[PDB]
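Protein chains: 2
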Amino acid sequence: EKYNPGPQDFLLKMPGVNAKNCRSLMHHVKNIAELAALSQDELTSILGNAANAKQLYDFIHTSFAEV
Amino acid sequence: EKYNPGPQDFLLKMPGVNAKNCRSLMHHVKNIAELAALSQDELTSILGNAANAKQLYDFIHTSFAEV
DNA sequence: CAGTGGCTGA
DNA sequence: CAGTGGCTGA
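Chains A and B, in that order, are what the protein sequence lines are.
All residue numbers for the first sequence refer to UniProt numbering, where the first residue is 842 and numbers rise by one.
All residue numbers for the second sequence refer to UniProt numbering, where the first residue is 842 and numbers rise by one.
Simulated from the structure, these hints should not be mistaken for lab results.
Some clues are possibly wrong.
Claimed, not checked - Here are some of the chain A residues that sit facing chain B, going by a computed Cβ distance under 10 Å:
(1) 844
(2) 849
(3) 851
(4) 863
(5) 870
(6) 873
(7) 874
(8) 876
(9) 887
(10) 907
Stated by the list, open to error - Capping the alpha-carbon separation at 25 Å, the derived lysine-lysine pairs in DSS-like fashion look like this:
(11) A:854 x B:871
(12) B:854 x A:843
(13) A:854 x B:843
(14) B:861 x A:854
(15) B:854 x A:854
(16) A:871 x B:854
(17) B:895 x B:843
(18) A:871 x B:871
(19) A:895 x A:871
Even for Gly, the Cβ is constructed at its ideal location relative to N, Cα and C.
Could you put together the complete structure from these sequences and hints?
Here it is in structure tokens:
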């Protein structure tokens with residue numbers, strides 16, 4: 842498909858994303874902007890899995906360094 | 842000052858990033874959430890380069906399919 | 001932002 | 001989110 846291996850791949854690079862919920866993610870978000878804009882509740886609603894949701898939401902909110 | 846290879850490396854995985862503006866980016870954003878929350882005008886203020894800003898914001902604002 | 005976890009070997 | 005483009009060989 843026309844799904845560029847850039848932002849599309851970026852989704853699967855997360856510890857809570859697979860090709861299965863990837864299609865849902867990209868269809869629910871514009872790109873990286875909406876991807877990181879998603880909330881834990883949003884994730885479960887799109888991914889349909891609490892584990893995948895928490896894992897994805899986790900990385901999105903994983904601070905670079907703990908001071 | 843950990844800076845795990847997860848969110849930190851994620852920054853350097855962009856077409857408009859380097860290690861020099863990486864320290865600026867992480868200091869201006871919490872993690873991925875703020876990373877994608879940045880605007881093209883903001884990127885220039887952080888990265889200090891229009892090219893890097895446009896390139897970084899480009900990817901952030903890159904549609905999964907049909908860029 | 002808007003879609004469901006969209007696949008898989010013989 | 002909050003820091004400046006934070007480096008580099010002899």
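| Hint check, failures only | 9 and 17
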